[PDB]
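Take the sequences, apply the hints, and build the full model.
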Amino acid sequence: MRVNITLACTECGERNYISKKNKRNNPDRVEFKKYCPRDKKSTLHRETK
Amino acid sequence: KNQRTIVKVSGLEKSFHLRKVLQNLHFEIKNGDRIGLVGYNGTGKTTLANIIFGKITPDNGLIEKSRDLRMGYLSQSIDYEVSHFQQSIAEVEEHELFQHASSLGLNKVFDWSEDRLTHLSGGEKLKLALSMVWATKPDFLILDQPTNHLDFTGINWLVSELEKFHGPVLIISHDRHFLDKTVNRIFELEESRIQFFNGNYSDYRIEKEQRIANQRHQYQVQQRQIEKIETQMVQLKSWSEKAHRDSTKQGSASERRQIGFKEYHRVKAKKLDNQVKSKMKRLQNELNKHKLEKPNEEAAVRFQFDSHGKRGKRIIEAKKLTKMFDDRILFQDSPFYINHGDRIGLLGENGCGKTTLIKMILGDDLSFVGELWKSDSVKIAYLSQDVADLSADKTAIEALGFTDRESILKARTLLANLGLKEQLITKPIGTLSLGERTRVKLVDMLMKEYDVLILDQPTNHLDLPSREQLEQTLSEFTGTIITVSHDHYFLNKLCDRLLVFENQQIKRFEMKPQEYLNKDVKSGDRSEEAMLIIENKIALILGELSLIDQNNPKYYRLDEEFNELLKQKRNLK
RNA sequence: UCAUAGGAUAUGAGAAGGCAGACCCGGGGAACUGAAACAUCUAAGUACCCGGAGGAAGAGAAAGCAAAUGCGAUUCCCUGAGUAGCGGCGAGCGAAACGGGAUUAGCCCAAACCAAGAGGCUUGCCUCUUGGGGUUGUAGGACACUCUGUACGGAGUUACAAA
RNA sequence: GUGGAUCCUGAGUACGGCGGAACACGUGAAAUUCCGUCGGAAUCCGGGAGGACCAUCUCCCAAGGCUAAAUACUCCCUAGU
RNA sequence: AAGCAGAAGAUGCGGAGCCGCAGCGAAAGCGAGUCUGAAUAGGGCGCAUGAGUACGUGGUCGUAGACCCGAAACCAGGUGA
RNA sequence: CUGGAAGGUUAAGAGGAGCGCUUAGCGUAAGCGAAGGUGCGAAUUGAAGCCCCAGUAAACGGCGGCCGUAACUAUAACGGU
RNA sequence: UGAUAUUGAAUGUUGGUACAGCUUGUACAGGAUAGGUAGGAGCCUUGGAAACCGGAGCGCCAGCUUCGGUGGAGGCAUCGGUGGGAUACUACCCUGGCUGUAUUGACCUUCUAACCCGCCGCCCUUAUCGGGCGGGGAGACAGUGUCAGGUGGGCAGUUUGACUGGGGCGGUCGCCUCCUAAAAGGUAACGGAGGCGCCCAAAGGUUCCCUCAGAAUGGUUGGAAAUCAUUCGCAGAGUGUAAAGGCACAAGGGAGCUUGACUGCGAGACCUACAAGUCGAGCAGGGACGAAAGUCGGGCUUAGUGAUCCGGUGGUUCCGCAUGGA
RNA sequence: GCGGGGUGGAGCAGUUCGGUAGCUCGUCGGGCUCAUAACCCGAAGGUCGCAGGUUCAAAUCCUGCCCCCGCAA
RNA sequence: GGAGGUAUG
Ligand SMILES: Nc1ncnc2c1ncn2[C@@H]1O[C@H](COP(=O)(O)OP(=O)(O)OP(=O)(O)O)[C@@H](O)[C@H]1O
Ligand SMILES: Nc1ncnc2c1ncn2[C@@H]1O[C@H](COP(=O)(O)OP(=O)(O)OP(=O)(O)O)[C@@H](O)[C@H]1O
Ligand SMILES: [K+]
Ligand SMILES: [K+]
Ligand SMILES: [Mg+2]
Ligand SMILES: [Mg+2]
Ligand SMILES: [Mg+2]
Ligand SMILES: [Mg+2]
Ligand SMILES: [Mg+2]
Ligand SMILES: [Mg+2]
Ligand SMILES: [Mg+2]
Ligand SMILES: [Mg+2]
Ligand SMILES: [Zn+2]
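Chain order of the listed sequences is A and B. According to the numbering used here, the first sequence holds residues 2 to 50 in order. According to the numbering used here, the second sequence holds residues -10 to 562 in order.
Don't read these hints as lab results, they were simulated from the structure. C-beta: ideal position from N, C-alpha, C; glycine also. Among the hints, a few may not be true.
With a Cα cut of at most 30 Å, we get these calculated DSSO-like pairs of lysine-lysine [as the list claims (entries may be wrong)]:
id, chain 1, residue 1, chain 2, residue 2
1, A, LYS50, B, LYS416
2, B, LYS437, B, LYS511
3, B, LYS97, A, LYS24
4, B, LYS348, B, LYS299
5, A, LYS21, B, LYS9
6, B, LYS197, B, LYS97
7, B, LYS97, B, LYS511
8, B, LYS44, A, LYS22
9, A, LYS24, B, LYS501
10, B, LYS416, A, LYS22
11, B, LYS501, A, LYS50
12, B, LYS197, A, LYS22
13, A, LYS21, B, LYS(-3)
14, A, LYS24, B, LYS44
15, A, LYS22, B, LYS299
16, A, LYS21, B, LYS416
17, A, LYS24, B, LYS416
18, A, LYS24, B, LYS126
19, B, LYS383, A, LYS50
20, B, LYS278, B, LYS260
21, B, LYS170, B, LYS508
22, B, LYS430, A, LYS50
23, B, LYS383, A, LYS22
24, B, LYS217, B, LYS278
25, A, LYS50, B, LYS126
26, A, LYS50, B, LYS44
27, B, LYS501, B, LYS543
28, B, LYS501, B, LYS309
29, B, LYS482, B, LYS114
30, B, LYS558, B, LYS508
31, B, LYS9, B, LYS410
32, B, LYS260, A, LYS21
33, A, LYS24, B, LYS299
34, A, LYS50, B, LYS54
35, B, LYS348, B, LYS283
36, B, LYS283, B, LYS410
37, B, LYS259, B, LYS278
Across the chosen pairs, the derived CB separations fall in these ranges [said to hold, decoys possible]:
id, chain 1, residue 1, chain 2, residue 2, range
38, B, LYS270, A, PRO38, 48 to 56 Å
39, B, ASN187, A, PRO28, 22 to 30 Å
40, B, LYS270, A, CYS13, 50 to 58 Å
Listed below in structure tokens is the structure:
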């Protein structure tokens, strides 16, 4: 129901962040602009499948 | 060529929201397999097929298939494929496609306008969709819900063609009879787990019963064991408590004071406790080792067309009724009527105009010649053949359109009885399975306070429990029922009169669907009267001769007449 | 039936058994115990039983160690090192090569080929038996070519023949 | 000592599967060695090893045997501490 | 150190090897720095603020029965009707 | 326990679709890649047992609850579940 | 119980592989049983056309198929039409079925020479052992070896909790809040009360604005109590979730934009046997909100969790047992 | 104090997992019969022990309260 | 034409 997720940067693919979401409230792959340490800038991170 | 595995699925998992649809499915499709994928509505059959085809990516698992494999997919949203037919003409070798088409009964498809091609019968859509898939020369056929709208012709065609097909075929169907002719294996998808059965669908049914019976029996045996041991434990406990309680109160005053008295008795109590602990531990360990889960308790679809009051005799009359489309006459000078309580089956091949007439009766189509009278006081419920009527965006409640709490409660309660729970109600209809969409349309019918039921192909997209429940209910309904179905069994059970679409004429026949087909031309009906009377005399004389000894003088006269009458029988034949 | 088994006679410083409660090489092979329980593991290839022996036994003259302008049989001591590693990665188990030393020692066949002889004639082939020949690796040998000795000289009963 | 025409250079062997054991190394990425069972090479244009395995290179030539010294031990003998 | 000379000795020879003078890092590696890090930033561990080594005595610890005595048992090979 | 018959499930062993590593070669590179070797290997095949179906109790074993009812009452021959 | 070795021979049946032959091909229309593609105007013809008959297979009941006997000169086409497609004939192929050649197993019988005989006769031999020979029976099984599955208290090695007003039962075992707790902190009992093993994509951040509960009175449905309107009204409300401590320059309510529920860290502190746990200004990178100051490293604070070993996955200027890879 | 039960008149499901309140017998009304039974045709009878919450929806989930039955007592 | 046998009240 509420599960752990990992957000991968959409530029370099790196799984930079882990978080949780409630699957019933947010069933779709979440996206968040977060700092990617590899790219040294804020980039869109999308939940991995 | 061989039986090399063509499609191999392993550990296929797929979920939607929180609902697991497919849970750990391992199966292989080999060359020449004719597999029936069965299971009730919403079990995931279309979902599975789409994953096999590749329209939906699974959450876990691998799908192994030849990289070059061509997979012909009949799909459920024919509307999309048929709308692209104009585009398909440029991409497919015209010749082969049209060769098939004519066999399926779509004659001269070349000449159809884009209007007609957008106005097709649902049975025509399927016939056109089938011809397209087979002209593409696929190596693997997936046929989601075929024979739904097909007539006798298209079913004979689809059978004879499936048999010929060289590759494997996966058929998703609820039609017992179509499966009983084309498939040799059944994939039953229940509780998100696929079970395998050998043979056709009828034997699957039988074998499934036995598996359920065996499973049920075994579960009961285990439960009996558990209860036995719990009864033991309860008894031993009680004893242990009593033992400790009495440890200090036994014997006379002096004997109670003996040294070590209560310790002796309490030691005995401790032994009883050890038995309980051992019984418990063993029971727990045994369950962990082997704990059968309670067998599935199949849900029971329940819905009843509550009977209305009394109304009047006439409800429909047609005089010199003629319907045309541009220059094509659908039917001409066709007089018929329907009275209250008639159970009318509309019989006719695909495209003959069955659905057209219904739209005229409802008043959606006013473009006809003649008089078509309908009682103004007739409230009609109407399950439409075209499932795509409902906007596949609205939720179940929005499609019903009820706003007051009382109406909502009835609608929600009925939906729940039909197996659509809160989860599915709040979702856009576009997500519902094709049979779930049909249970939503049924609720819109039940919530109407009506007098007539028009059921246009009521057995497509419906599982055995829903079809069986519908059959029971419709047999009890005292109002008028008009049903179009090419499932002749369903028609033959429900309908007692027929409107036949033949040669651009609608004729009413006062007989059951089964009798009409098995008729035999009356070319010699003026002579059958003679054959009937003479033969009945033969029976009378033959009967008497059976009871009399040859030595009775009465025997001689009867034998002469018998031989003479037999000569007459020969002369008439 | 020839034969063979079997039987008889003669000839044998042939074997047998013992132990030195040790050492050596093998066939079989525990458990207590440790792991703070216990089964993988440990104890331990130990105790014990059995066989073969010898004054020693086993190993041994590279299908080796290594990664250098390399080394050059085996065995044992020092060291590597409680390292590398193995391990319910737990308890524990635990090297080897290089380097320094003791001691030093290398050889002989099978096969190709030659000669002789014999039996299967398998019929100009083959097998077996004698002697010669021959023994190794960026190859050696046979086989061809030369040179050379045939004891002048060398070795030896601890291998390299045997008293 | 010179030849590189031809011939010889250890076969149910090496090696492999399966089951065990020995290697410090408990199946592990497990090389190397040994056993039972089954299968089963090349043979000089050949073969083996350098810790799965392949390629290149380096080093050797298995499936025959013999070989003293340095080492281990003492029931016993002699002389002694 | 083994080992070779020597009274079963001292000693002489024997420099292989061992510890220390340099640390940081998992490692490549760099070095009074180094690792982390994008960073001449901060921080960790080090250096500047230094003494080790060989032998002997004593205290304690590890492996050995390990301060001494004591089971009921287990296992192996035998001896007894 | 005995006897069945198909079918389902199952091991070794047979089968080797395919995939990885290696590299002659192709190529400016990236990378692709024959053959051979090598590490994995799916389909198919593969018995008993089990599942399934019958029988067997001098086989192991087991051998119930609640409610009502008769012209004194009380109990129920009787009835319900 | 199966595979396999010991372990052989012949036959029959039935599948797979390769080849060859026999051939096999009906939507509708069209002259009718039109398999695909290619060339195609001549081809066949006493080397027997058509036609007659017999035989046979198939068959959609139209019919085509070929072994043939009578038969003796035509028969067929591109043209024509039909249709989606054209008819002869030839070249290369496919569907289906059939036969044969060669393999490949599985299975069926049968055989005899392996193996077996606790059968008979003879010899060794005064011998109920053993061995040899000759019959007979059985026979490729059995037995035995290797491997595998099932069964297996017949036998074997072991395991089968602690706290505790004795032990046992019951209860408890980790974490958060309060009281006991004696006005810092800490503080026990099987002392008194409860909660936790989450929840939120906004219920987080920022910018701006904002007050709550309750009562009286007035009001259509309307009722003690729904919505309004005035007066009184420190919190008598609310604060996701226990309790305590806080909160009205709000931490409570509403709205706009956003993702700081950031990356590297971290002076210095709290707590503490250790392992852990907690707080943290400030620095750098790149951002959200804001005009700016500035705030933001989740939530009013304090529960919502599990060492190591061992595995899975992603990244990687690391290592790679001669060398390059792996 | 510790457990189990309260569903039309009787005996029983359904409760875990919310979705039209049911099965057998009985009662009541009307037929058949001279009349009763059997039989045939219809109907009533519980809002699931009681009172509140949660929910669109509660016999079912939660909160309290009252009865019945077992033990201890 | 007659003999013998073969549910409640
Ligand atoms: N894309 C989707 N998103 C969410 N739910 C879905 C989606 N597709 C299917 N479902 C739901 O998951 C289940 C799968 O339905 P699915 O169409 O696969 O069944 P089906 O076997 O085809 O049934 P039917 O025969 O009734 O068509 C159903 O409950 C359906 O409502
Ligand atoms: N507007 C239209 N214009 C032209 N032709 C039409 C139009 N609507 C329908 N048709 C054709 O006329 C016939 C009428 O089809 P309709 O769906 O009404 O009946 P049906 O074939 O008997 O129904 P079913 O869908 O149940 O098989 C079909 O051939 C359809 O293609
Ligand atoms: K004895
Ligand atoms: K035991
Ligand atoms: Mg007593
Ligand atoms: Mg229609
Ligand atoms: Mg569907
Ligand atoms: Mg121990
Ligand atoms: Mg023990
Ligand atoms: Mg205790
Ligand atoms: Mg006590
Ligand atoms: Mg205090
Ligand atoms: Zn990035």
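A quick look at each hint next to the structure:
1. A:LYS50 / B:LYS416: holds, 22 Å
2. B:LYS437 / B:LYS511: violated, 45 Å
3. B:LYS97 / A:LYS24: The hint is violated at about 52 Å.
4. B:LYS348 / B:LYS299: Holds, at roughly 25 Å.
5. A:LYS21 / B:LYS9: Holds - the C-alpha atoms of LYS9 of chain B and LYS21 of chain A are around 20 Å apart, at most 30 Å.
6. B:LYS197 / B:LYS97: violated, 46 Å
7. B:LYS97 / B:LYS511: violated, 34 Å
8. B:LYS44 / A:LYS22: With a Cα-Cα distance of about 26 Å, the restraint between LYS44 of chain B and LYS22 of chain A holds, given a limit of 30 Å.
9. A:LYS24 / B:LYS501: Violated - the C-alpha atoms of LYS501 of chain B and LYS24 of chain A are around 54 Å apart, more than 30 Å.
10. B:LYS416 / A:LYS22: holds, 20 Å
11. B:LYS501 / A:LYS50: violated, 57 Å
12. B:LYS197 / A:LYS22: violated, 41 Å
13. A:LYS21 / B:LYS(-3): Given pair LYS21 of chain A, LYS(-3) of chain B is violated - Cα atoms ~34 Å apart, limit 30 Å.
14. A:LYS24 / B:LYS44: holds, 22 Å
15. A:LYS22 / B:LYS299: Not satisfied, since the Cα-Cα distance of roughly 58 Å exceeds 30 Å.
16. A:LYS21 / B:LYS416: holds, 24 Å
17. A:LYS24 / B:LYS416: Status holds; Cα separation ~15 Å.
18. A:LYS24 / B:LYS126: With Cα atoms ~42 Å apart, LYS24 of chain A and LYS126 of chain B exceed 30 Å; violated.
19. B:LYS383 / A:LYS50: holds, 28 Å
20. B:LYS278 / B:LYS260: Holds, because 27 Å separates the two Cα atoms, which is no more than 30 Å.
21. B:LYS170 / B:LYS508: Judged against 30 Å, a Cα distance of about 25 Å means the pair holds.
22. B:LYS430 / A:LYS50: It is violated: about 35 Å lies between the C-alpha atoms, which goes past 30 Å.
23. B:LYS383 / A:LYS22: Between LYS383 of chain B and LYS22 of chain A the Cα gap is close to 26 Å, so the pair holds against 30 Å.
24. B:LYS217 / B:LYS278: holds, 18 Å
25. A:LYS50 / B:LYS126: Outside the cut-off at roughly 35 Å; violated.
26. A:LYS50 / B:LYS44: With a Cα-Cα distance of about 16 Å, the restraint between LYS50 of chain A and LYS44 of chain B holds, given a limit of 30 Å.
27. B:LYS501 / B:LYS543: violated, 46 Å
28. B:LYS501 / B:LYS309: holds, 25 Å
29. B:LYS482 / B:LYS114: holds, 28 Å
30. B:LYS558 / B:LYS508: With a Cα-Cα distance of about 23 Å, the restraint between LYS558 of chain B and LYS508 of chain B holds, given a limit of 30 Å.
31. B:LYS9 / B:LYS410: Between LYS9 of chain B and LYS410 of chain B the Cα gap is close to 15 Å, so the pair holds against 30 Å.
32. B:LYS260 / A:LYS21: violated, 52 Å
33. A:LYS24 / B:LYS299: Judged against 30 Å, a Cα distance of about 53 Å means the pair is violated.
34. A:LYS50 / B:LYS54: holds, 22 Å
35. B:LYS348 / B:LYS283: Status violated; Cα separation ~49 Å.
36. B:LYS283 / B:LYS410: Holds: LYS283 of chain B and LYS410 of chain B sit about 22 Å apart, inside 30 Å.
37. B:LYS259 / B:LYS278: holds, 29 Å
38. B:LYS270 / A:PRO38: 48 to 56 Å: holds, 53 Å
39. B:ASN187 / A:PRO28: 22 to 30 Å: violated, 39 Å
40. B:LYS270 / A:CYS13: 50 to 58 Å: Given a distance of about 55 Å, which is inside 50 to 58 Å, the answer is holds.
This entry does not satisfy hints 2, 3, 6, 7, 9, 11, 12, 13, 15, 18, 22, 25, 27, 32, 33, 35, 39, going by the numbered hints stated previously.
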